[PDB]
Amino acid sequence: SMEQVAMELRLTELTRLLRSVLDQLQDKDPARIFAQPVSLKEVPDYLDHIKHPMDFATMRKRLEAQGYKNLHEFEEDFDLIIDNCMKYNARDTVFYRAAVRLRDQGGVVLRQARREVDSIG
């Protein structure tokens, strides 16, 4: 049906936007602290601490399978990256302080993206 095709054109354009948003967010992490999942081999207790791990690569996998239906969903995953990091790591560590910086810098990008999604439907 043509109704189905139209929803699919909208999902694809959402996805195109979200890829730009993801690359913008990932540029605020030049150190690449958040690029890949936490290694269970290198932090073996991690899953006792954090119930929903998240990282940029896992977001990108989901993005390329058009698995984000709206921006709320993508925002939820981004926030997990930040929030997991601020719980596991103490306040005086390089990791916590990188999350805080990514939150503040990403918060700008996501403030405009919310306007572009409303504005472009």
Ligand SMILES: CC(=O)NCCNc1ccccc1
Contents of the next structure:
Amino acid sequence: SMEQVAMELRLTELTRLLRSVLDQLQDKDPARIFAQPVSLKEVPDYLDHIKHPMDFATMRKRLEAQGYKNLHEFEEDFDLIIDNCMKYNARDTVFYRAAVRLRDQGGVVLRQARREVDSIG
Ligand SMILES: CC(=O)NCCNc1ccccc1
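To test you: the structure above is the form solved without N-[2-(phenylamino)ethyl]acetamide (8TP). What is the structure of the form deposited with N-[2-(phenylamino)ethyl]acetamide (8TP) bound?
Below is the whole assembly, all chains and molecules, this chain first.
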């Protein structure tokens, strides 16, 4: 139907906007601490601690599959990256501190993205 095509066009455009957001957010992790999933070969007990792991590569996979239906779904995955890190790692670690910085610097990018998504429809 024409309606389904129009809907798919909107999804494609959302994916394009979210791709830009994702690149901007990942730029705020220059150490690439959150770039890949935590390896069970390196951290064997990780899944005993964290029930819903997330990372930028996994987000990018879901993104390119047009698996984010709205910004809220995207933000919930971004939030997992930060919240998981701030649970698993203690406050005086380079990991926790990177998560704080990513949260702070990313809020700016997400504040604008929320307005843009509301604007464009
Ligand atoms: C994203 C995150 O929580 N990173 C810290 C915990 N994972 C870790 C993996 C290899 C070596 C040291 C630590």
